[PDB]
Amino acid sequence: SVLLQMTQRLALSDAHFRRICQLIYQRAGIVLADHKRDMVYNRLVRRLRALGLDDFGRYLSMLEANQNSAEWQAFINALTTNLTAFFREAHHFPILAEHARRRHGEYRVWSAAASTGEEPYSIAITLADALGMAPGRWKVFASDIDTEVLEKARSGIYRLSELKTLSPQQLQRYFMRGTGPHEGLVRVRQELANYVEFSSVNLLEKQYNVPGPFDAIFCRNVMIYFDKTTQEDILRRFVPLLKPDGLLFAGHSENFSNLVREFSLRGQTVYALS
């Protein structure tokens, strides 16, 4: 009753790995480590198979040849790191609500690395609680370079355990719980989902197609995958996108001020135009 399986087993050479690293760096600015190679292999072989290739050299050539193919997106999605959580670095939220309470008119926020949507929905919940759900008062724009995580973000479905940081009131007001097969699952209510717009934006663009200026820009835990030149380039692009007294929120381990002096620290990893 034994019938050994065996599906296609290809080989990622040192040379090919180095090539993958250069390509993603030039494209998305992401700097990969040598300890991610087994991971890179497991996620990329699936592309080789789907396309019917059995050579990493041939795959990389189709990519290098055609700089605009849809395959470039599958390549990117395979190598990004999307770890996130609802209300991560929670100290930022009371600060945002504080800022919003002042700046009247339309309060606009840009979440520059949305991942699967946890950060933008955290922002929306904070604003809905602070300002109330009323059309015209505030809006959240969210983007990411990865289209797989953006599609999940757009669906707004999460497992109830991922929401341990919400109060029973936020849960009731902003989500619908599931029953039967898809239970233990909740979905963001359409009412709250209408206040956030999702779009794919690669931070390495020399020009962003975003509805700025913004009162606040969240750029948390992404700069960590880029190098300093790349980081400085992006930060300088955020400058014209910030309204006069706007806020730039960075990730726990990021220090922006040391990259561009036009930014100044104001709170727990929060910057303001100097």
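Numbering follows the first chain given and starts at 1. Here the rigid core means the biggest group of C-alpha atoms that line up within 1.5 Å when the two forms are laid on top of each other. What changes on going to the form deposited with its partner chain bound:
In a rigid-core overlay of the protein, residue 49 has its C-alpha displaced by at least 2 Å between these two forms. Once the cores line up, the CA of residue 229 ends up less than 2 angstroms apart between these two forms. In this overlay on the rigid core, residue 209 has a C-alpha that sits less than 2 Å away from its partner position between these two forms.
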The other form holds:
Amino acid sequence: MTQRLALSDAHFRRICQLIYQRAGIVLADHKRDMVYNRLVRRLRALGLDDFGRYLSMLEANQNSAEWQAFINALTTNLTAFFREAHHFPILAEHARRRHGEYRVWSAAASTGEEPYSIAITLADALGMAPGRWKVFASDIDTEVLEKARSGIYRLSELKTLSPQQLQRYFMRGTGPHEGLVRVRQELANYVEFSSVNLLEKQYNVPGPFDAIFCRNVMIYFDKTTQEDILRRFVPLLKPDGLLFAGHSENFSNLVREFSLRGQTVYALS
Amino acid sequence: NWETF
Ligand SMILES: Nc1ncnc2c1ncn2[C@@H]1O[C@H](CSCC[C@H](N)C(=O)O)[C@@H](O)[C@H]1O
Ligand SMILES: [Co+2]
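One more: the block was the form deposited without its partner chain; return the form deposited with its partner chain bound.
What follows is the whole complex; the chain from before opens it.
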């Protein structure tokens, strides 16, 4: 029958199926504890006492607002400023040898640390002048995108920024805000945030891009999904554009058309 | 409030 709020094998498997067809995220049995913990909060928020009740309301109403909250609950958004640091110097030298507006796409922006790390690198290497560069960042998670839009972070989290970067691109909070920092609007102006599901058969993005950052997100997808997205990226890259993967990813594995050109960096042809 | 570094 049940237990005081219990997740049954049957419900876990339905949840696994539902999240896979909406976000492409492959959940495993060793994550059944995170699932339960992340999801009972949604049950409580709504006043439901049953996962089957919860699951059924979702299935019966495909346009339910709860669908976005269900997705947000199951995504893992761990990120950090200047994560996989070696990528930024590479991005800088590449942009410096190119002309025209340099456009980058952060395909899994999370709370904004990645898209702002890219903006800082480019403002430092290219300068901040209208039409010099632009960053497009997206994510399926509307909650994290909202955090990213605000651009407020904990000062203790910026361990990787030089004092010159802080002085140049952030405002420091004082009084009730002490300990917080806020990306200046002048730099935020060069970053566009939107929601884009990588499972889409067609991306609603302003490309082509000189570079695409797709880090630490493919790891949640299965084999054919990974190859499909990789194939969707190809026509989105400018001639000598770059594709950056996370530390764990190997793209030349699914499509040889991508060649390794540095620490988890790839170029086409 | 907020200020420069
Ligand atoms: N189908 C999908 N489409 C887009 N983003 C997705 C997705 N499935 C998961 N994600 C997102 O991928 C993010 C990965 S966290 C990694 C963030 C950053 N790229 C980094 O390198 O630090 C999560 O915030 C999650 O919301
Ligand atoms: Co205030």
